[PDB]
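Asks: Can you build the whole structure from these sequences, using the hints too?
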Amino acid sequence: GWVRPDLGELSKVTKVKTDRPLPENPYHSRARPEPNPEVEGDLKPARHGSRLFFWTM
Amino acid sequence: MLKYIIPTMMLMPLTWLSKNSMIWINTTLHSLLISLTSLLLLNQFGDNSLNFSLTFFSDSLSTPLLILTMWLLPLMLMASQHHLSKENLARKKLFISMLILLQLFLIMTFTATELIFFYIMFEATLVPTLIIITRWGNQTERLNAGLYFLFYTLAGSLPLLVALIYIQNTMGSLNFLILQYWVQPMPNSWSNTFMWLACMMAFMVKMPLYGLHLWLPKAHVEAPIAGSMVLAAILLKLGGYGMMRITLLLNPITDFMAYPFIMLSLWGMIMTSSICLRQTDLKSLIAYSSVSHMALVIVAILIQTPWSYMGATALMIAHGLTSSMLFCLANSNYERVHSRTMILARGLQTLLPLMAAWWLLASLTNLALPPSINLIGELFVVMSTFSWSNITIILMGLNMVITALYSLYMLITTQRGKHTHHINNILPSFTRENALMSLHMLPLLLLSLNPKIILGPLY
Ligand SMILES: CCCCCCCCCCCCCCCCCC(=O)OC[C@H](COP(=O)([O-])OC[C@H](O)COP(=O)([O-])OC[C@H](COC(=O)CCCCCCCCCCCCCCCCC)OC(=O)CCCCCCCCCCCCCCCCC)OC(=O)CCCCCCCCCCCCCCCCC
Ligand SMILES: CCCCCCCCCCCCCCCCCC(=O)OC[C@H](COP(=O)([O-])OC[C@H](O)COP(=O)([O-])OC[C@H](COC(=O)CCCCCCCCCCCCCCCCC)OC(=O)CCCCCCCCCCCCCCCCC)OC(=O)CCCCCCCCCCCCCCCCC
Ligand SMILES: CCCCCCCCCCCCCCCCCC(=O)OC[C@H](COP(=O)([O-])OCC[N+](C)(C)C)OC(=O)CCCCCCCCCCCCCCCCC
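Heads up: the sequence lines are chains X and B, in that order. Take 1 as the starting number for the first sequence in this note's numbering and just add one per residue. Take 1001 as the starting number for the second sequence in this note's numbering and just add one per residue.
Keep in mind that a hint or two might mislead.
[Stated by the list, open to error] Here are some of the chain X residues that sit facing chain B, going by a computed Cβ distance under 10 Å:
# : residue
1 : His48
2 : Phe53
3 : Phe54
4 : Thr56
In short, the hints are calculated from the structure, not lab data. We put the CB at the ideal spot given by N, CA and C, even for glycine.
Replies: So this is what it looks like as structure tokens:
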């Protein structure tokens, strides 16, 4: 009573019902480094300008 | 200080839009108006310096140098308009532009509130001076003299740039007003020894120090007359101004770093006056006299007492006027005999009596005749160096004897004796020449009446 698969069937992506748990960390990665802080705030003008030796703007 | 910078820049369209017969008269007139306006800087106070802006200020040291600088431009235009009479109109306007631009650099060199602005203006004053010497100088040696003038100053001043940027990174500022209150003691180390050298050797070259003065009797001789006037009257005093600013920061290491340079200048004022005793070139005699006079200003800054600073700034102003007049007298004879040889034209009092009176008065101010400010500055430096060490009176007195000797030897050689027979193009003194001599001498004599405006920040 076995039926041979048609052209296209054995390459289908099928879904599998399992009882084992999903691997939560399969790469065994350690804790990632904390990122650098983002920039926040409103952008104020430069305090007394460029501060390049005598340039007052 | 912007009310003096803007008219000096407006002298550029005033000299390029003038009519071709009017380019001397207009620049002379309006530079005399700027020199009249220069007297507003005498708003000085006993406690505070006249502090204009974040960029410009003027204490009682920079103010006489400013008034002398703004007074020197019309006199340079009067001195230099006869030998540049046959010049192209465009090259004549370029010469006047270089003079105006050198004044423009100097008047914001002395008023620089921050020290790297002082450095930029201070080394900016090389370029119009170099162009004047190497372009409108007369003989072959002007190119070599421009090389020596450029490459002593930059060799001295490029360590000064690293020193000032180091102070900018350490103190946080090169504002002189802030550094009057944030100055820290500079202790003994080799790092601070080379700090002292980098802060001082540029100004030692510009004074000039004895042993480093070899740019000067070629740059002052091979320049034209306006170049010789500005080099003798202002550009040597840039060095003393920079010393009096920068020795705020160099304590207490100056109290033993000064000894070799005090020896060099106390012996150089003897040796260069002795050199003046045996000069054949009159213009070189005035050059080595300038070295001999600036040696005392170096000693007075390095001993850093109040009497020494007062005498040094008085002697700087007095020597500016006196040496500018001596170069102009030398030019007044060079435009007749076409030679700088001092023994050639003799007996000139028999031919030019009032010009010989101007020779007499400039030789008397050169030998520091009281009550001239020459003698005031000379005398205060001698008081302070005597309080420094009692044995320096030997060198100061021997210098004064040799100074009187070469001053009156110059006078007797050029003016007295039998006149030279084969010279017959000795014209009478022009009104321009006598007016130039009087505009040097009469402020120098009127400053004996009220001498407190040339005695610096600590009168
Ligand atoms: C209602 C709406 C409208 C309202 C309008 C209100 C205003 C009405 C007037 C409108 C016009 C305004 C014009 C500009 C304002 C004045 C700026 C000024 O004087 O700054 C002083 C500035 C700092 O002095 P301050 O006392 O602290 O400030 C006073 C003000 O508060 C200055 O204010 P500040 O604190 O904001 O200044 C900012 C800052 C202040 O500066 C700083 O923080 C210090 C750094 C300055 C530069 C240093 C460079 C050093 C190396 C270069 C050396 C150059 C040598 C000089 C030139 C040589 C020949 C080209 O300036 C800069 O960063 C700009 C750089 C310098 C340019 C100045 C403007 C020039 C405009 C015209 C150019 C014409 C040619 C002039 C010659 C070219 C060079 C200037 O001084 C200088 O820069 C010295 C030079 C003088 C500047 C030029 C004078 C302007 C007028 C020129 C007319 C004559 C031309 C003659 C013919 C051409 C030349 C042959
Ligand atoms: C603010 C108001 C001020 C008012 C008062 C002004 C104070 C004095 C200012 C300057 C004075 C000298 C300028 C004139 C002489 C130079 C040109 C010349 O040779 O003329 C000869 C000529 C007459 O001779 P000439 O026979 O026709 O022709 C000349 C000969 O070919 C050949 O000539 P020569 O060899 O036969 O004759 C030259 C003769 C030759 O004799 C000498 O060279 C000997 C002089 C040195 C030894 C004696 C004096 C020693 C020191 C003591 C005096 C000062 C202190 C006194 C106080 C008491 C003690 C503390 O020298 C004199 O006669 C000069 C007399 C005045 C001497 C002043 C000191 C000069 C010595 C060098 C500097 C010394 C330290 C500075 C002293 C500063 C005092 C203010 O004179 C005139 O035509 C005069 C022209 C106009 C002169 C105006 C002077 C002031 C102008 C200032 C304008 C702005 C302010 C407004 C006030 C105006 C008031 C009038
Ligand atoms: C006129 C011609 C001759 C001009 C002579 C000019 C002066 C001579 C000495 C100049 C030394 C170089 C500039 C030093 C600037 C000092 C700044 C500073 O922070 O110093 C402390 C610093 C200290 O280092 P630091 O600042 O990194 O460390 C902090 C300070 N401590 C050490 C306390 C922790 O000094 C130096 O780093 C080195 C200073 C000496 C450098 C020697 C090299 C130059 C040798 C002399 C050359 C002279 C000209 C020769 C050519 C002439 C023409 C052909």
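Asks: Next, verify each hint and record whether it holds.
Replies: Hint check:
Hint status for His48 of chain X relative to chain B: holds, with the closest Cβ pair at about 9 Å, below 10 Å. Below 10 Å, beta-carbon pairs count as interface contacts, and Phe53 of chain X has one with chain B at about 5 Å; its hint therefore holds. Taking 10 Å as the C-beta contact cut-off toward chain B, the hint placing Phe54 of chain X at the interface holds, the least distance being around 4 Å. Given the 10 Å rule on beta carbons, the hint for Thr56 of chain X holds: about 5 Å separates it from the nearest Cβ of chain B.
Checked against the numbered hints listed earlier, the structure breaks none of them; every hint is satisfied.
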